[PDB]
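Number of protein chains: 4
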Amino acid sequence: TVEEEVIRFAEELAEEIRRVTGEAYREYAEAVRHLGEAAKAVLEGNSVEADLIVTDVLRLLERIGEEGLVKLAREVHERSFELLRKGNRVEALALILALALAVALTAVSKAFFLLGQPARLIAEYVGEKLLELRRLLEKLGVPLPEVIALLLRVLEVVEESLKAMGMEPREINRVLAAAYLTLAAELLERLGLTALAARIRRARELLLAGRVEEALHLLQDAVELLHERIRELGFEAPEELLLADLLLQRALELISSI
Amino acid sequence: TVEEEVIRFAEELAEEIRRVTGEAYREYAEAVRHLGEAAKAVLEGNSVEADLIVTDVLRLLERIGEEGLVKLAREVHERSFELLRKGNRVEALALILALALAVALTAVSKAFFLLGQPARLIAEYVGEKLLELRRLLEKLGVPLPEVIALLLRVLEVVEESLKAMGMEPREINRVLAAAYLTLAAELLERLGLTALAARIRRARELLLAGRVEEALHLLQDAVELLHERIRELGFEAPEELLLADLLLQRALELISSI
Amino acid sequence: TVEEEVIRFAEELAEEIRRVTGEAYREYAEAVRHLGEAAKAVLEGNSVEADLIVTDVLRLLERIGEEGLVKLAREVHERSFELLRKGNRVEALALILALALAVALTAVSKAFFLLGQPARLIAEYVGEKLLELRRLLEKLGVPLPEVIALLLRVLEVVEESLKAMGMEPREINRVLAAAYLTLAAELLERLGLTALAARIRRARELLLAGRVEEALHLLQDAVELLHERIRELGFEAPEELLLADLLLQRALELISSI
Amino acid sequence: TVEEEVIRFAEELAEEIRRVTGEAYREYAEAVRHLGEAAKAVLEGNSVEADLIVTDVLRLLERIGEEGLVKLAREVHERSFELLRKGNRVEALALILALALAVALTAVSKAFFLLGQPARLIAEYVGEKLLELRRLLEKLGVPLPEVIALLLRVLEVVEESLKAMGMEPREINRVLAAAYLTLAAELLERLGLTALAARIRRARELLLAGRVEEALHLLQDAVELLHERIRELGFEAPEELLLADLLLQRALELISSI
Ligand SMILES: [Zn+2]
Ligand SMILES: [Zn+2]
Ligand SMILES: [Zn+2]
Ligand SMILES: [Zn+2]
Ligand SMILES: [Zn+2]
Ligand SMILES: [Zn+2]
Ligand SMILES: [Zn+2]
Ligand SMILES: [Zn+2]
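Chains as they are written, first to last, in PDB author numbering: chain 4, 5 to 262; chain R, 5 to 262; chain G, 5 to 262; chain t, 5 to 262.
Same shape as in the complex, but just chain 4:
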């Protein structure tokens, strides 16, 4: 039904915030439910109530005090207003869902860092949530490059929040690299390159266990073989290969900077 998937995504995201944290972070759950209501409103035709709800969420996040989240909220407000005036329902829905996921991941990461959890669980949870959002957006109809751009925007927001809170840079780089690696592994696996995806997952697992250099070399070998495949295909290479290559290069940079 696709729409029911969006409403269930919003409700399940709010319930996941409640399960992970409880009532210590309730403004985030309120904002996520508001964004779900806005996404529901978009799907029937009402385009002004969506703008009003997005402005309400912007006020809530401004009261919360997360600079990157507020910036993303302003950008979503402007782009969603313009697209809804023009008639691009799908991209406005994608922006609303990306904002909701960004708020949820910010709350979850803040709770995990305050508790004192290691970077492994944060990395797996962020990767799983990004995978769920990617599947939802692909079911909706958003083109893949825009989906990847939205996911990178969400990851940028999460990284900014973690850096501002006080986390040491190495752990932030580790979790961002793990998220990029799982995204790239999913992208490669979708195209049928199961062994390459398995190698990427092995590299991610070795990275999360403290074995940095071994994961670095595994990733470099995977990158070289991906380049061989891409340049053998020619100019008919599906966008999955190029997006996975870019994500792997970002992961290489982040892992090297560790």
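Source of the hints: derived by calculation from the structure; they are not laboratory data. Please note: incorrect hints may appear among the correct ones.
Any copy will do: because identical chains look the same in the list, a pair fits if it lies in one copy or spans two.
[What the hints assert, rightly or not] Here are the simulated BS3-like pairs of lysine-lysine, each with C-alpha atoms no more than 27 Å apart in a straight line:
id: 1; residue 1: 90; residue 2: 167
id: 2; residue 1: 90; residue 2: 44
id: 3; residue 1: 75; residue 2: 167
id: 4; residue 1: 133; residue 2: 143
id: 5; residue 1: 133; residue 2: 167
Use these hints to put chains R, G and t with the ligands onto chain 4, whose structure you have.
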């Protein structure tokens, strides 16, 4: 089977710690599983393996650094050794389960306070866990006064941990009063005095909402009615009435000191 | 028709603000009319426009600069959103009306204190407005304990505003005690205890005239006789007696602290 | 029989510490014999005696004062407890054997450095002991990647001990590179690439004789040829080649840092 209830209690307690916190507090889950293994060893006949496991748990708790919980662990060690040598299996099992519950509640309260949770959720969770332990101990066969003494021992451990962590006294008093109120309400309801139990629950709910004086007066009126019933019954008053009266007096003093 | 009563209540409240003050306090009248529009919107089925209007009122009160009023507005926003999502129309209406009455009483009390009016007329006006709100809520269907909790929240907001403005504590205690006394007198009279209600009104009148100790003793005698009646009834005492007893105890505390 | 190999390994390891050192390092032999007793207990079915013995070994190593060894002991304790509860006998046995080898190698390396021995004999002894452990684990049934991870854990413990004791970094890098080189040479030889293994051994021998740059270039040429073979095979490359490549890269980094 009663025993299966004991091992399931230990495993479910560990799983609840994992659900509430995750992997940020893993030594507590290790200690709870060790105490569950000790309780399983006691029920089979082996009395020295239980002592060795309790000593291992004591070492783990000494490494953790929770002074009151270590004190409780030492007392459990001594009493369990003496009772198992004599042959009091049930009381040793009760002490082991009380220690496990104390560790679990200490971990949960520490996580909740670190997050920034309100006192309401802590109060309800502590009350529910104490109720589960009380039902298990009553099913085992421990006499009621000893069960209650163990419950206030666990509550004293939790209070000491909360004071040492840095919580303001008023919230600690509020959660202690809520725990005593729910314990007394269950004790009264077991005897059939459902209206008095309902009044006690109303007093607890008004206390948790910040309405201190109204809850104080409701508790005082309930105390006078309980005294009237107790002095009408005479010397044939079941132990439930006396234990509930003592718990209500402690809750009254705690609420007054708020 | 009940609904027409709500709309007329909002309009009459705004007109009463205008009559008492004029155009010196116009933001309060604007907020009251906005809340009346929200209450009208709730009653047809639209639950998002109500949230948007409540957020608008929150912004208006944040610009006004009344800390307690803003806190009550935030709490009303959250609870009304949750209840309207679940489907509790009546409690959302009650919260909106309580917020409107709180704004109106804050404006009226500020005007009366700025003019230099004595506490007697302030107390009578506050009591009359609380009585009107109580009758409206009882006609709507809100359970009595929740109505009393809402009225106490409104009184807390008014007390906080008066304390922050600069009023001497004795007059604030006097007006709060008078409001509690008239509420308790109405509650007792509804149950048929006309003579007890008359004694409570006599105590309130002696309190407002400066005769503090005589009113204190009259109230203590009324409290003792109410306790006699309550403990003679047993556990079948209607909620009116218990709520009146709690209100009388709060009045006793406030009068003693004078 | 496989098990008899385990007890003989423990006893022969303890006898080897006695032969190399004598009675100057007796706590290490005590710990190794305790770990052998734990390994014997695991293979018989008793899973709590193993935990008690591992805790005893942890106390012994805490008294000794080797921080890395204590850390490895704690990790082995936790992982072995969890796996034995689940039912993974083989991995718990592997962890116990890895801890025993780590203690033995730490004692031997400390004695060798205190005497003033050159790095060559230390490197050969460490390589031989790691080879024996690898053969034992492969006979048991542990998968190769986990065996290699355990071997680098042991090597990390030894390296940390050497750094903390006072050895100059260059000799530590030399011995670690030699150990990695012999491990990779054995891994390559197992697959039939005997000439590549011979070249790796030649590089190790040139490294141990002070000829650093020649060994560096020989290793680089071997790495390029191994990469050629790996990329010629494709995705059907046995895990031996990938693990050898990772080990060779770590050895290359260590040699370059010399
Ligand atoms: Zn707008
Ligand atoms: Zn390679
Ligand atoms: Zn003992
Ligand atoms: Zn009373
Ligand atoms: Zn809202
Ligand atoms: Zn009198
Ligand atoms: Zn243990
Ligand atoms: Zn060459």
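We went through each hint and held it up to the structure:
no.	hint	verdict
1	90 with 167	neither (37 Å within a copy, 38 Å between copies)
2	90 with 44	both (19 Å within a copy, 16 Å between copies)
3	75 with 167	within (16 Å within a copy, 29 Å between copies)
4	133 with 143	within (15 Å within a copy, 41 Å between copies)
5	133 with 167	within (20 Å within a copy, 38 Å between copies)
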